[PDB]
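Quick heads-up: it's one chain on its own, the form deposited in one PDB entry, in structure tokens.
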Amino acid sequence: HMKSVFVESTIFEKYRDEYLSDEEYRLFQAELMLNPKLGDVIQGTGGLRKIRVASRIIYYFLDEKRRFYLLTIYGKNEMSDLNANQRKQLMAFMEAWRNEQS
């Protein structure tokens, strides 16, 4: 048995029901479980991953020991993409994780 754990942020927590049903979400947990790297990394975010599952797009981050942090969830076109400044910030933040896990 390979066990995996999914930690929902409060944002993802409150907005999950409005988009993804329990079944679709269970399927999502399975799919992401078998392939942790399934979501492709956002350029310049240093390890932030994003996946589109059709209720479309999800931002998540992969930790050590098969732990997944589910950050936020929304539709295909909803909010504007992160500009390079924001990307630099996100990566800089992520380096605390990369440094702490080392």
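Positions refer to the first chain, counted from 1. Heads up, when I say rigid core I mean the largest set of C-alphas that superpose within 1.5 Å between the two forms. First, how it differs from the form deposited in another entry.
When the two forms are superposed on their rigid core between the two forms, the C-alpha shift of 2 Å or more among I42, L38, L62, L71 belongs solely to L62.
If you fit the rigid core between the two forms, you'll see the Cα of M91 move by 2 angstroms or more.
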Contents of the next structure:
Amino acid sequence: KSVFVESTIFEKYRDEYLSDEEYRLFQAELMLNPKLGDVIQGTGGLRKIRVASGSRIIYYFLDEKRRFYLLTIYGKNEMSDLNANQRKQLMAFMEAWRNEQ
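With the form deposited in one PDB entry in hand, show me what the form deposited in another entry looks like.
FYI, this one's just the chain on its own, none of its partners or other molecules.
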């Protein structure tokens, strides 16, 4: 689906956490509800959602063109520490990534 745009980071590591079947389910869930994941304050509207069989995905939903940006995926307690500087970096990663599209 053209609805989901994977970051290079997301694409590298997705298969560690999700089978194709698990991933398509995740995509169907978001399509049904774009606001599914919880907002991460300080990041300009990035959202974080939990996934079982767990792991976490951070995405941005562009409502204008109905499109999801999948920034990253990781396991709980693996990279789960989030400070103020890390929130800023997610923004920079995002704002840089989303300007051209």
